[PDB]
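Removed from the display is one protein chain of the complex; every other protein chain stays in position.
So that you can tell them apart, the chains are marked A, B and C in the order they are listed, and the count of residues begins at 1 in each.
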């Protein structure tokens, strides 16, 4: 069928949730690839059955064979471990995967999740050989969903009606742009002026946003459901040609004064992949912060070769 | 059942589309009320069957009996004709309807569509006797969907990723705020600066937006599908408690310097109805325009008593 | 984009509803083709805007140019008038349309609605030249939605949980198979035995089902919303590769003892179009009825050449 083939190179936690969500939305056939034997076949089996409950018809199969990447339309990479000691190592994993992407599905759209994602996405870009508009890393969508949500719960408005922008990198050096936050299209400042939300609050929310994954870990859980949903938001925008403005890690070719590196910025995802890279007209203050994010990305890139 | 009862006081064009959309989304039971005999029963019959195709269970019935308003949770008024000669006349229709709302379903949430809507919504507010937070008029959501769409098609981005604000009134005196237009959360000016969209273009789009209903009429059609979808967006936000920021006609109690009148402004619709009235921090220029819109509303209010 | 192009050859009542539903479900781009000047552009304009309310990105345009059929992936024909005097005439319309389909979009999937549909679908099959698995007529899905719904409202169960089969023809000679009606997978007889629904009731429902369009007309309405939803159910099954079992008019090649004619029967719609034609193992009694339906189809076929 013209049905899209979506291969998940990594069938761990994020892997189960995406499979679940893809059937829920009838986005395409799913391959849960992993190097752990059998488990993917297991998850795939359990997942396959939801087709019934969902009025869906998406094949879900497992795989311990790289060559199942053949004909993949979308590929989503979560494979890897989890310090700077793991870098040369997740780098070896990206290198192996890109080899197989180039061999089996060079025209696939690629989304990288493996952390640190702005480093790792570039690594795979170079080894897979795909065009720059055909590969992005997860980051911005997830990070902003936290900023958007926290604010929405203070202002008692629909979460999606908060817009925000986080750029530069995923991780600790991510840049929260207080200047680009709106509520129902309206500048956030207006709501600060009305004493509906204070600057002190909003600063507590910013640190909360930056520290979320960590907050989740210390509560004896692990962040994987949000990551999943955001990845799928991006994937769906590719498959359905929605042209959503979504913040992802992508190849900078002069934006923000930066080149020959991947960094977080709003892009437009549609049928051609990255159809636009939107550059925010940052002031020097917010550009200084962007610079620190790109510098930490370069630093971990060197630690892996 | 706790299933909501949605009564459509008016089963003409907008009336058929809402019924269709409500079943599509399983929002509630529908009553197509009209004074035209039988027709509502007809539309209701045809509509009822889509329950099958939609995996839905919403009763859809017709009605030539006002007292079918009893127990309505939501009421949506499109009844009326279509000059200032029709005002004292659509006023007599609002007067009759409010009487029945007060008698049969005083705790209903009310949405007025009948034009001119900012006049007519106030008229019904006073005669039905419902609380100020339980009644709004259609206007802003529809008008902005046109502004949002036209821009989206120039910038090649997802329509919903355009946000805009139109206030003051529905109709010719509606106020387009160029200052409050964003794309993927980003100020529109940034995209003007990049020569992706020009000021001359955007001005052509503004006049297009203001003249749409008229453009549709001269193409030998009539605007009713968009009106329908927007009304339902508002209704759904009420029923589901979504707290969406939506621009509707509502009772001004000092905002924009205006009182004892209905005018278009972003509100938050949830379970309590109008849960917030958001006042835009307009400059004098945009406030002068707001004033002209409120003045035309007052002027047609007088022509009906 | 890989986004599907859906052309509606006929932009009247059924035409507006499908456009509406297609955007609602982000199924594809829509062309409202009609021979009436401008009107399609009008409907398309109004419809285009719902993209915003729906989180959708489907182009909707009008057309008075047959050659806009070029590259269409799906084509849905509602064009025509509405006696046996109109046959040689709607036949001339199918002949003109097939010419353009063969010229501009020979690989399109085709759905015929124009009545009488089992005659008219064959007419277009022969003049367009498309493969037998790439063209069906609306009938069964619509007719059964009425049978399913009426029963569901007596048994107080979800409408979709009623299954039924109507075959042979759309129209008065349609064959209701009482033997193939189930509720939640369970034979209807079981519910007759329990005195939850009587044979006399169910017979009243059968005549109701057969006479619905007529019942709708005498209530001063016209049946177009259900037709729309069912057409879209079929179209969606094609586009999404859902392999739904849906009753449509299709080319009989020996089933039910019939050949070289179109008649209503369950088929499976997926990516290859008609992927299976399911033949019901009818007893002689129900086959006698099938025969009368095919005979009326042949009879009106002759009246048009």
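Criterion: contacts are C-beta pairs under 8 Å (C-beta built on N, C-alpha and C of every residue); 3 or more make two chains touch, one makes a residue touch a chain.
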Visible contact partners (per top-of-document touch definition) of the missing chain: A, B, C
From A:145, A:276 or A:297, residue that would touch the chain that is not displayed: A:145
Among C:150, C:180, C:206 or C:256, the residue in touch with the chain that has been omitted: C:180
Residues of chain C (touch criterion as defined above) contacting the omitted chain: 55, 156-158, 161, 163-165, 180-186, 190, 193, 237, 242-246, 266, 268, 270, 275-276, 278, 280-281
Contacts of chain B with the absent chain, listed as residue ranges: 1-3, 26, 57, 240-243, 270-271
Missing-chain contacts mapped onto chain A: 16-17, 19-21, 24, 36-39, 41-43, 45-57, 62, 141-142, 144-146, 148-149, 152, 158-160, 162, 212, 215-226, 229-230, 232-233
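One rule holds for everything that comes next: only the chains that are shown with their structure count from here on.
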Between chain A and chain C, centroid-to-centroid distance (C-alpha), Å: 42
Centroid spacing, where centroids are CA-atom means, of chain B and chain C in whole angstrom: 34
Chain A and chain B, separation of their C-alpha mean positions in angstrom: 37
Overlap residues in chain B, where contacts from two or more other chains coincide: 55, 158
